[PDB]
Amino acid sequence: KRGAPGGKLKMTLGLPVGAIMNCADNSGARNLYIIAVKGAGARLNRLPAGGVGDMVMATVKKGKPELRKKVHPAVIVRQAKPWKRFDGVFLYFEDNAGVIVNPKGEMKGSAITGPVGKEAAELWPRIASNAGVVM
Amino acid sequence: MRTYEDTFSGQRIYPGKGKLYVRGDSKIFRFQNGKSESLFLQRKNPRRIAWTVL
Amino acid sequence: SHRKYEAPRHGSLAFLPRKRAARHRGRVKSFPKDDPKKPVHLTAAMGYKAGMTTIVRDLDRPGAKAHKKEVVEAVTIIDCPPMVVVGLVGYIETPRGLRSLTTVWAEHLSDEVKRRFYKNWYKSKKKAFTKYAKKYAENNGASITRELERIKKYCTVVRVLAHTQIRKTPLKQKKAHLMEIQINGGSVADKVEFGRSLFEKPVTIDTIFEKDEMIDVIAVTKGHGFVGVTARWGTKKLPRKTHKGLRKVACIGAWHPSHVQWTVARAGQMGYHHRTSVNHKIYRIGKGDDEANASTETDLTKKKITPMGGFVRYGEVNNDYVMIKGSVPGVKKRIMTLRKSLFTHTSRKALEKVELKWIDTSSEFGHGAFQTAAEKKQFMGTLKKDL
RNA sequence: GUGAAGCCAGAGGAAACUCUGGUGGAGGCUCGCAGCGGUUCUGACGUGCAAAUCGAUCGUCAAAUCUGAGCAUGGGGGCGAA
RNA sequence: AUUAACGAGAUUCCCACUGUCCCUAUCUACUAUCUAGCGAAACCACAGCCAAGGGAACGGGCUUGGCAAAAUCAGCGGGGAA
RNA sequence: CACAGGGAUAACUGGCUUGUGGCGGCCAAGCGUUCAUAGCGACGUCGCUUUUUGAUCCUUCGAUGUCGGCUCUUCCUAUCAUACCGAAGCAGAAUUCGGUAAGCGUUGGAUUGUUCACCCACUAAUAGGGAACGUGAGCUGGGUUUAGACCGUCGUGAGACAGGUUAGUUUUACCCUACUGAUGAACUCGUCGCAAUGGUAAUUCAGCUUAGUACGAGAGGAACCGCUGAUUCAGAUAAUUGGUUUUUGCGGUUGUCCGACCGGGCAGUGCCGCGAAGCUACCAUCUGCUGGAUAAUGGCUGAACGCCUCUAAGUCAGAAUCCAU
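Chains as they are written, first to last, in the numbering used here: chain A, 29 to 163; chain B, 73 to 126; chain C, 14 to 400.
Quick caveat, the hints were computed from the structure, so don't treat them as lab data.
Any given hint could turn out to be false.
What the hints assert, rightly or not - Pairs of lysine to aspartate or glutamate, DMTMM-like flavour, derived with a Cα cap of 20 Å:
no. : chain 1 : residue 1 : chain 2 : residue 2
1   : C       : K345      : C       : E368
2   : C       : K78       : A       : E150
3   : B       : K91       : A       : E122
4   : A       : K38       : C       : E83
Whole structure, please, built from the sequences with the hints as guidance.
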């Protein structure tokens, strides 16, 4: 089946195609270059975009040479644009980060550095079992 | 429902107002308006601002 | 040749004639279908719009993500001073439509309604219904009771004439508003008997509507002077290096259609149109005499719904009011019209029973921080002006 | 702004000659005002202020640089870093 | 065939930067707009609503139909094969 | 480079024809485990279209602005996806052929001036065409197609090349009509109402459950209701969050001027921090209804034809269709 989370409530989409975010695990990569979004629709002239919690197709631009020149799935874990939940509070992190995952959902790495958003933790069980502080 | 206090100035915060900030070192800051956070991100000392509770 | 890449059209042709509304007051076009087994009841109301505020409540929607948790929603406040009944009308069925054949008025009319029939009231003689009033107390009002008997005989629907008491609001205007409200009830004899008994009496909004009911709002939207295509319809802007303007439409038609067609976006007037927004919900009906109408079951503070410093560009609400979820068309001070719904609701979301938990009463003139004046005094301390 | 020949003082070496600090002020060298020119926006205007102008941005600026008045070359002829 | 320095010469890539773009929003000055005074030019067979037909093979005027109500203001760029 | 002329004569549209290009039929030798027609079809033969290219030279040479892209509206069906159905060498899943149907959609990027093409990725799907080969007083000027210059082949030479390369001015609307909005004479001035005709709007997917169930030796592996969300579109609104600053509102500071302090001028808004009000954003919030008549198809009673048959008379159900609310 195609990879797109179900039950995701609407939130502001902070990062479009072409954004470069940081990497937050010990896989060996240092940055991620975004090229597609899994749940994207069709509309003339409109760039696809994604937010915290949805899966993204990305390539690495700086890291171990074994990992370069390929295309990997990835999941965003924190974004730098404010957004609000149903509780009415606006919040935002300091930077953009993501992790490399299997298409099924398993993480390639073993540990996560820094905080993670609450929505990303709930949707993907594997990331929740590995992260530390949430929100 | 509960109320919080601004970290920088100590003003009362009611639901739906202000913002919430999470730093790289996993520290949590709360603000009540735009004046507080603009001074906080400017690296100002709250002990030298005359109208703060502290 | 064909269009290269496909795209949907801009705007909608349903609301096509984009001209200023013919009348300032909103107009109701249809009424709920009549049922002769219900008790007689009115089906409309009318009031003035004060402003908006924020509430907090917990959600009851099984299977949802936010189930049994607090949510924050926006609401709207409508001022609703009582109305006065003035008369009633009857209609008959004809092969060309409906038409009215009779109408009767009450003996005494207030100076509020009489202002409506004049354009220069100050220098007039105010002789509006002087000769009509003598029809009472003349042959024991024999002429009046004949017309009432006619409606019981030839009519099928009956409406009532009512007006507002604008003198009980902070508005500068003194001219009242008049409209017709249809009576849906058991029988034609019951309709006229109920309507006639209400002459020169006040009716409150709590008798018409009740809590958590799904209603419709009809009004006239906010106006803008004269706008271009980019903002009126929402078309893409032209490149930066365009000569002779870049906020236009590049091509407005082909050659042998040979005329500019009615389906092409063009500049003109925007706003001040008549609109009908449906499916709004009522959270609370507050009484004006109560001095703690803005309190809830968990928040026991004794306060009224008026914010600190009063609503911006409006006075304060001292009469009854209704709280409506969401937004409604119309600017502040404008007259609104309320109508019972035409649909049937079995969605399990419109059947929810709402109970509030907190109501915001902070100042909307700035970054307000306190609810009441007593609470502010305790936190702030004592000041120099307090002597 | 950079600092060419010439000159002064000290040090090393058997010798031939070599190092270090100052002095000096060369070049169809360089940044950059006035003057002279006219690359881009394919900007303004395009029955214009104007039968070639206006604004911002640009090239050169002590030398094959800019310029006034007097005199010479006259149509199959003149003059031309073309 | 190579080539240091130089170039308002042609081309490809990287860092910094940004409303070029996703996707648009707001503010200021002078016009456009209304008034008093002054006051031109291009152009013009007669003129000015459409569908089909036939015709010099793409009609505002002909034939058959649709239709059709004084006098007017601000914009617009489909047509008058302007 | 010039003059007198030519639509008696070419390069672009339009017109007739359709060889070539595209699309659709008829006959049945054979292929298809065996069996012409589930799905195909040799040798032959009958047609349609004007988005390919030719043939012709009727209309324009006292001029109809000649490639491509951007923007925006509408129409055609030879149907890519969606609704409901008929067939199979259709167990399930996945596929192939056909009917009613144009209501609603059909994308983001690397290289090329490209039309055309080719790869990466998303998606229910990335179908094909017309409107003077739609669209320059709408834009752009990369290509072609004036004058400068370079190379290769050809010419004794001036010079030639549908061979390559670099730089090259894009004018006017105030008139008529058309379109979008705004006033308005006559029957006294007003308030409250009816509705002829014209317009019309929504769209698709995913998760949970049904269920590791039906089906099958196994491998594999569905659907109706119900619940909750999301994509594209439309109409409003500003309680909260973000943007805008001539509120020149308060504060900080450089140069100069009023003898110093206080308070001020000038530097077309000197500059910086915060900034109410107003406007505003799928960068923010709210909302988007159900009756009638049918097409394809599957049926009932029932003759013509003593049997049979959905049709001949009559009649039932029925689609994102049509007409109304």
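Now the hints, each set against the structure:
The straight-line distance between the Cα atoms of C:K345 and C:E368 is roughly 27 Å, outside the 20 Å bound, and the hint therefore fails. The hinted pair formed by C:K78 and A:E150 meets the criterion: a straight-line CA distance of about 11 Å does not exceed 20 Å. For the hint pairing B:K91 with A:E122, the CA-to-CA distance comes to about 14 Å; that is within 20 Å, so the pair holds. Among the hinted pairs, A:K38 with C:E83 is consistent with the structure: their alpha-carbon atoms are about 18 Å apart, no more than 20 Å.
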